[PDB]
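S.K.: In case you want the letters, here they are:
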Amino acid sequence: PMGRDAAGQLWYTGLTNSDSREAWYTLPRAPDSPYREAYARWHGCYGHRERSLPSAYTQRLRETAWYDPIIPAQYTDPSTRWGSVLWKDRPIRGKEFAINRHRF
Amino acid sequence: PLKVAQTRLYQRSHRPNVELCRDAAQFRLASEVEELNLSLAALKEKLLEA
Amino acid sequence: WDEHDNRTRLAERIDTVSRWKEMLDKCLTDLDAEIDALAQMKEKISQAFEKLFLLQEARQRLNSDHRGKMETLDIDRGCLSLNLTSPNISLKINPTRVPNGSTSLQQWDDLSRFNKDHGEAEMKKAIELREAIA
Amino acid sequence: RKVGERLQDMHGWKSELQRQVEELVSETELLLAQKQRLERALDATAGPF
Amino acid sequence: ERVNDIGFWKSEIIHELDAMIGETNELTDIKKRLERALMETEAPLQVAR
Amino acid sequence: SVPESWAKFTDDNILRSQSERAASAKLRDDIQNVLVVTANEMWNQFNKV
Amino acid sequence: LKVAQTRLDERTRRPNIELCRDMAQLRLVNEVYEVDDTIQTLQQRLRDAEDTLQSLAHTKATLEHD
Amino acid sequence: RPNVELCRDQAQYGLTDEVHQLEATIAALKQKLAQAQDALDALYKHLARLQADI
Amino acid sequence: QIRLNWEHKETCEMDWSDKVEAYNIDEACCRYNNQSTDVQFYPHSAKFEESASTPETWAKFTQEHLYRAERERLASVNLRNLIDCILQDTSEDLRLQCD
Amino acid sequence: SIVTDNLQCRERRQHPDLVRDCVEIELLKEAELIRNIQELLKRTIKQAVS
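Protein chains in written order, with our numbering: chain V, 1 to 104; chain F, 105 to 154; chain A, 155 to 288; chain L, 289 to 337; chain G, 338 to 386; chain E, 387 to 435; chain W, 436 to 501; chain Z, 502 to 555; chain B, 556 to 654; chain C, 655 to 704.
Note that these hints are calculated values from the structure, not bench results.
Positions of the beta carbon are idealized from the N, C-alpha and C atoms, including for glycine.
Treat the hints loosely; a few may be bogus.
[Stated by the list, open to error] Pairwise CB distance ranges, derived in the manner of DEER restraints: (1) W:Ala484 with A:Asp184: 46 to 54 Å; (2) A:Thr239 with E:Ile417: 47 to 55 Å; (3) E:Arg402 with Z:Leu548: 24 to 32 Å; (4) V:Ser18 with C:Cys663: 20 to 28 Å; (5) Z:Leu541 with C:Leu681: 50 to 58 Å; (6) E:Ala411 with C:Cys676: 39 to 47 Å; (7) G:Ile350 with A:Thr239: 46 to 54 Å; (8) A:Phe207 with W:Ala439: 49 to 57 Å; (9) V:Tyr12 with A:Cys233: 45 to 53 Å; (10) G:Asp366 with V:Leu53: 26 to 34 Å.
[Said to hold, decoys possible] Derived contacts from chain V toward chain W, CB cut-off under 7 Å, selection only: (11) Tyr67; (12) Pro91; (13) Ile92.
[Claimed, not checked] Derived DSBU-like pairs (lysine-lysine); straight-line CA-CA distance at most 30 Å: (14) A:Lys175 with A:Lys279; (15) A:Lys180 with L:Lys290; (16) F:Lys148 with Z:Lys533; (17) A:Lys196 with A:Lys278; (18) B:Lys602 with F:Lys107; (19) Z:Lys546 with F:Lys148; (20) Z:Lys533 with A:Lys246; (21) A:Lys246 with B:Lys602; (22) F:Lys148 with F:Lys107; (23) E:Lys412 with F:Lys107; (24) G:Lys368 with Z:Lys546; (25) A:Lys279 with A:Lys180; (26) A:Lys278 with L:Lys290; (27) A:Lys180 with A:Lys246; (28) B:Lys602 with G:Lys368; (29) A:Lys278 with A:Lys180; (30) B:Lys564 with G:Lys347; (31) A:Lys278 with A:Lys198; (32) Z:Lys531 with L:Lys290; (33) F:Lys150 with Z:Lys533; (34) Z:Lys531 with Z:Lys546; (35) B:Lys602 with E:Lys394; (36) A:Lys278 with A:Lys175; (37) E:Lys412 with G:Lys369; (38) C:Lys683 with C:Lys700; (39) A:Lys180 with A:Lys205; (40) Z:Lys531 with F:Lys107.
Work out the full structure, taking the sequences as your base and the hints as a guide.
M.R.: Right under this line is the structure:
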């Protein structure tokens, strides 16, 4: 309160450090338990949507910066990053011109 | 009629993005809610003096 | 469950119409090879010219059918691409309506097989023309 | 009564957009036949070349 | 899906707001009952004196 | 912020509002108890006199 | 490229609590980088098509004379 | 789709069956919502009398 | 012109598809009474509310959409007239040179 | 990675010491300087490949 009555009270949040994940052995609920239903449902649908992205895009959604600074990943990009080779065929009358010497 | 006016305001609030409007019904319902609250307060004062 | 089953039926129709498109692509490039070979011994001759005319108009009819298959695959792939939470979804003015060009499955694929059979017919008749002129 | 008058105006504009959508359907459906005639003319001009 | 999550959070907020308004006008009612009772308790003091 | 941090912030607000509703409910029940005890005490002393 | 990258900037006017980074930021930056890459490869292949048609025109010039 | 391609496949029967199921589904859900709000009204109507007689 | 017709068609179809839900909402608000049930205490709405339009601005938005729809229909008829003249010119000019 | 871990660790403090002191200013300057430097390195690697 804001009064002459005043108390410095600490309070701990619900799904942090006080609740657990669901299972059939812990099935129905205990009414005394801080089961925060809103964060539980939201984080369930968030995890369902979260599992689709690959792992570098998961660790960009973490707190500390363990991610690779360059945005395109190694295992997804078909081209080499900062590769110097590029086959340019000079047009000369006579011999045969061709394309895509990178992937033959 | 407090229940009637509040439920009408709620169902009118669940409207799509362009048909949600600053309507004549909205001003009448706001005045109705205010008038019902003041009338209820006067009725409670009469009850206490009774 | 009903939405998943509708996705399965739509993908089945995609897998039918893509097969028809690729096999008509095969027939189209075989007609291109045939017109070029018949030209290369054209360079009896009146019969060669008039079956060149028949072969050209058959090629144009299968070309029209091939373009129709192209746009039909584009429409069905887009219709499966669209899903929950996109802006295009709306209540329609008349969802249930049978339009003017109503035809059935049997008549549709017998028509497509019919113009393919015509194509193979003038290919074969052209082959004994090829061997008679040679 | 305020609810009633807003309902009447909304009904009128809904029916008007119904008429406009139907007319645009009919206009596009009659424009497609010119493309059919165009393609037939393209065939019968591909022959004379 | 992002704007759907925002809408879910809005609905949670407005639920708690409705309950909160009910609490605060109940407590104002109890406070005015306490004031009326205080004056009624004040008068027998004058009687006893 | 990250979406988990954003969602935990709004649930912390909702739990604070729920806690304050709980404190007000306990306070109003104790107001009613103070009223009934006070009335009984004054009337008992009145009747002894 | 128009629609995706102005979608990004028209999103990023957000206030303090909802100034965040969801999956939409990451998917949109991947979108604009890959559309940019498609632009460069189609530009290069258009350039090589122009060179091929130059060779075709040159062979026409030397063959219609002979 | 154009003139030769309106094929009337299995998809049109599937879609009309889904729509035809769906108006009945939404109608039954509105009916149950009305029933539930009627029940809440009845519980208030007796809670008032209990609260007065106490 | 066919695809441009389609996209203004679905845009005006959006502006019509709002109306069915809003009309059902206002009709459901019309059928309340005092003796009827299903009215309740929802006290957020009087204190706090969001606004997006006035009736004249809503009507003006509908005029803008319907105007652009009618322009896009009429431009198609203009191009159809050009198609008529061009194909008659093509048939005449090929026949005269062939003869 | 080291800088962002310092940011979250120092932000997890208790109530009578959650202070925007000079340490948090220097940590923000570190985050900005690191990201500018590594993006400049990215562009320089592109030019050296070209």
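S.K.: All the hints need checking, so say for each whether the structure fits it.
M.R.: The hints, checked one at a time:
1. For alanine 484 of chain W paired with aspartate 184 of chain A, a C-beta distance near 27 Å fails the hint of 46 to 54 Å.
2. Remark: the range hint 47 to 55 Å for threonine 239 of chain A to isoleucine 417 of chain E is upheld by a beta-carbon distance near 50 Å.
3. For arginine 402 of chain E and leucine 548 of chain Z, the Cβ-Cβ distance of about 30 Å falls inside the hinted range of 24 to 32 Å, so the restraint holds.
4. Here the CB-CB span from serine 18 of chain V to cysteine 663 of chain C is close to 22 Å, well matched to the stated 20 to 28 Å.
5. A beta carbon spacing of about 54 Å between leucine 541 of chain Z and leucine 681 of chain C agrees with the range 50 to 58 Å that was offered as a hint.
6. Separation of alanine 411 of chain E from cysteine 676 of chain C is about 45 Å and conforms to the stated range, judged on CB atoms against 39 to 47 Å.
7. Restraint check, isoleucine 350 of chain G to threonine 239 of chain A: a C-beta distance of roughly 22 Å breaks the suggested window 46 to 54 Å.
8. In this structure the hint that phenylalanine 207 of chain A and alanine 439 of chain W lie 49 to 57 Å apart at CB holds, the actual value being about 51 Å.
9. Take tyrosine 12 of chain V and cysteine 233 of chain A: their Cβ atoms lie about 51 Å apart, and the range 45 to 53 Å holds.
10. Checking the proposed 26 to 34 Å range against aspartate 366 of chain G and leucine 53 of chain V shows it is violated: the Cβ atoms sit about 53 Å from each other.
11. Annotation: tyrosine 67 of chain V was flagged as interfacial toward chain W, and the flag is violated, the nearest CB pair being 11 Å apart, outside 7 Å.
12. Hint status for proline 91 of chain V relative to chain W: holds, with the closest Cβ pair at about 5 Å, below 7 Å.
13. Hint status for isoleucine 92 of chain V relative to chain W: violated, with the closest Cβ pair at about 9 Å, above 7 Å.
14. Distance hint between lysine 175 of chain A and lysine 279 of chain A is fulfilled; the C-alpha atoms sit about 25 Å from each other, no more than 30 Å.
15. With a CA separation close to 68 Å, the supplied pair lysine 180 of chain A and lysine 290 of chain L exceeds the 30 Å bound.
16. The suggested pairing of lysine 148 of chain F with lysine 533 of chain Z is violated, with an alpha-carbon distance near 37 Å, which exceeds 30 Å.
17. At most 30 Å may separate the alpha-carbon atoms for a hinted pair to count; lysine 196 of chain A and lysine 278 of chain A meet this at roughly 18 Å.
18. Between the alpha carbons of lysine 602 of chain B and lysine 107 of chain F the distance comes to roughly 15 Å, so the proposed pair stays at or under 30 Å and holds.
19. For the given pair, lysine 546 of chain Z sits about 20 Å from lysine 148 of chain F by alpha-carbon distance, which is consistent with the 30 Å threshold.
20. For the given pair, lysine 533 of chain Z sits about 26 Å from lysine 246 of chain A by alpha-carbon distance, which is consistent with the 30 Å threshold.
21. For the suggested pair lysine 246 of chain A and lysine 602 of chain B, the alpha carbons sit about 36 Å apart, so the restraint of at most 30 Å is broken.
22. Note on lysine 148 of chain F and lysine 107 of chain F: the hinted pairing holds, with a Cα-Cα distance of about 18 Å set against a maximum of 30 Å.
23. For the suggested pair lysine 412 of chain E and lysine 107 of chain F, the alpha carbons sit about 28 Å apart, so the restraint of at most 30 Å is met.
24. With a C-alpha separation of about 27 Å, the suggested pairing of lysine 368 of chain G with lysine 546 of chain Z holds against the 30 Å cut-off.
25. Pair hint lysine 279 of chain A plus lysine 180 of chain A holds up; C-alpha atoms about 19 Å apart against a cutoff of 30 Å.
26. Distance hint between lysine 278 of chain A and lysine 290 of chain L is unfulfilled; the C-alpha atoms sit about 79 Å from each other, more than 30 Å.
27. Our distance criterion of 30 Å between C-alpha atoms is broken by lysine 180 of chain A and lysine 246 of chain A, whose separation comes to about 40 Å.
28. Annotation: proposed proximity of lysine 602 of chain B to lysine 368 of chain G holds, straight-line Cα distance about 23 Å (limit 30 Å).
29. In summary, the hint linking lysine 278 of chain A to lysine 180 of chain A is supported, as the alpha carbons are separated by about 16 Å, within the 30 Å threshold.
30. A C-alpha spacing of about 34 Å is found between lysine 564 of chain B and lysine 347 of chain G, which places the hinted pair above 30 Å, so the restraint is violated.
31. Distance check on the hinted pair: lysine 278 of chain A and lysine 198 of chain A sit about 17 Å apart at the alpha-carbon level, within 30 Å; holds.
32. Between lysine 531 of chain Z and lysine 290 of chain L the alpha-carbon distance is near 25 Å, which keeps this suggested pair within the 30 Å criterion.
33. With a CA separation close to 41 Å, the supplied pair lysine 150 of chain F and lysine 533 of chain Z exceeds the 30 Å bound.
34. The straight-line distance between the Cα atoms of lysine 531 of chain Z and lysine 546 of chain Z is roughly 23 Å, inside the 30 Å bound, and the hint therefore holds.
35. Distance restraint check for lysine 602 of chain B and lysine 394 of chain E: the Cα-Cα separation of roughly 27 Å lies within the 30 Å cut-off, and the hinted pair is therefore satisfied.
36. At roughly 22 Å between alpha-carbon atoms, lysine 278 of chain A and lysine 175 of chain A fall within 30 Å of each other, so this suggested pair holds.
37. A C-alpha spacing of about 17 Å is found between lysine 412 of chain E and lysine 369 of chain G, which places the hinted pair at or below 30 Å, so the restraint holds.
38. Of the supplied pair hints, the one linking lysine 683 of chain C and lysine 700 of chain C holds, its CA atoms being roughly 26 Å apart against a limit of 30 Å.
39. Straight-line distance between C-alpha atoms of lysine 180 of chain A and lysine 205 of chain A comes to about 21 Å, which keeps the hinted pair within the 30 Å bound.
40. At roughly 19 Å between alpha-carbon atoms, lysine 531 of chain Z and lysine 107 of chain F fall within 30 Å of each other, so this suggested pair holds.
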